[PDB]
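Undergrad: Each chain, letter by letter, is given below.
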Amino acid sequence: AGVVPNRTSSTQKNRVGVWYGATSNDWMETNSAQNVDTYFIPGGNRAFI
Amino acid sequence: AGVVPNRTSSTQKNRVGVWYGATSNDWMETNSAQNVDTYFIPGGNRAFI
Amino acid sequence: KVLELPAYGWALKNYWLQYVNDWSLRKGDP
Amino acid sequence: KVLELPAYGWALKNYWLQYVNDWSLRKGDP
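Chains as they are written, first to last, in the UniProt record's numbering: chain A, 484 to 532; chain B, 484 to 532; chain C, 1257 to 1286; chain D, 1257 to 1286.
Hints were generated in silico from the structure; no laboratory data involved. Do not take every clue at face value.
[As the list claims (entries may be wrong)] Here are the computed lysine-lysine pairs in the DSS-like style, where the Cα-Cα straight-line distance is at most 30 Å:
#, chain 1, residue 1, chain 2, residue 2
1, C, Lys-1283, D, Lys-1269
2, C, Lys-1257, B, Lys-496
3, C, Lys-1283, D, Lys-1283
4, D, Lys-1283, C, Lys-1269
5, D, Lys-1257, A, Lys-496
[Claimed, not checked] A short list of chain C residues far from chain B (calculated; beta carbon distances all over 10 Å):
#, residue
6, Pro-1262
7, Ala-1263
8, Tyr-1264
9, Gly-1265
10, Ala-1267
11, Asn-1270
12, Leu-1281
13, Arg-1282
14, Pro-1286
Beta carbons: idealized from backbone N, C-alpha and C, even for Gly.
Construct the complete structure from the given sequences, taking the supplied hints into account.
TA: Okay, structure coming up:
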């Protein structure tokens, strides 16, 4: 879309929001959990999508 | 709150919505998954809160 | 005027699926 | 005007944590 942050009024960094629809945590459930490590939560929680 | 459905214009059943904030489904991961039954998805998914 | 009456007297019962055998510490072992 | 130029040339690598030993079939077992 040719969106470069801060190059126009409607694309200022504080004026852009992100919405995502997710309904699963399979990595956390099965793969990332086989050996819990430093990035379990930041890498498996839907809040970080 | 003394709210009974259809008692008033603002309490009509088509004018009531529900929002819930949840960030985990530990039941599915740990307790419900020890034996998967017919109510696994209805009873575990966060969509049904 | 709406008063603050006691809440409904629910007939509560325990429904639990206990987590057993400490299987979460062996996620990947044979 | 904004043309539809091709996408970025990602330098892709595989990052996977294989699910092993079929432990999901044995949840809640000794």
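Undergrad: Within a Cα-Cα threshold of 30 Å, do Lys-1283 of chain C and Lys-1269 of chain D meet the stated pairing?
TA: Cα-Cα ~26 Å, so holds.
Undergrad: Between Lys-1283 of chain D and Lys-1269 of chain C, is the straight-line Cα distance small enough, at 30 Å or below?
TA: holds, 26 Å
Undergrad: Would the least Cβ to Cβ distance between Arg-1282 of chain C and chain B come out above 10 Å?
TA: holds, 14 Å
Undergrad: Just checking, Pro-1262 of chain C versus chain B, shortest CB gap more than 10 Å?
TA: holds, 14 Å
Undergrad: Just want to verify: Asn-1270 of chain C was marked as not at the interface with chain B; is every Cβ pair farther apart than 10 Å?
TA: holds, 14 Å
Undergrad: Looking at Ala-1263 of chain C again, its CB stays over 10 Å from all of chain B?
TA: Since the minimum Cβ distance to chain B is about 12 Å, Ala-1263 of chain C lies beyond 10 Å and the statement holds.
Undergrad: Quick one: work out the minimum CB distance from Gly-1265 of chain C to chain B and report holds if it exceeds 10 Å, violated otherwise.
TA: With a cut-off of 10 Å, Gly-1265 of chain C remains clear of chain B, as the shortest Cβ separation is near 18 Å.
Undergrad: Do the alpha carbons of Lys-1283 of chain C and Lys-1283 of chain D lie within 30 Å of each other, as the hint requires?
TA: holds, 9 Å
Undergrad: For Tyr-1264 of chain C, which was marked as not at the interface, is the minimum beta-carbon distance to chain B over 10 Å?
TA: The claim holds: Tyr-1264 of chain C sits with its nearest Cβ about 14 Å from chain B, beyond 10 Å.
Undergrad: Confirm or reject the statement that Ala-1267 of chain C sits farther than 10 Å, beta carbon to beta carbon, from all of chain B.
TA: Non-interface label stands for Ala-1267 of chain C: nearest chain B Cβ at 21 Å, farther than 10 Å.
Undergrad: Taking only the CA atoms, is the gap from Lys-1257 of chain C to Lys-496 of chain B under or equal to 30 Å?
TA: holds, 23 Å
Undergrad: Is the Cβ of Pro-1286 of chain C farther than 10 Å from every Cβ of chain B?
TA: holds, 19 Å
When each numbered hint is compared with the structure, no violation occurs for any of them.
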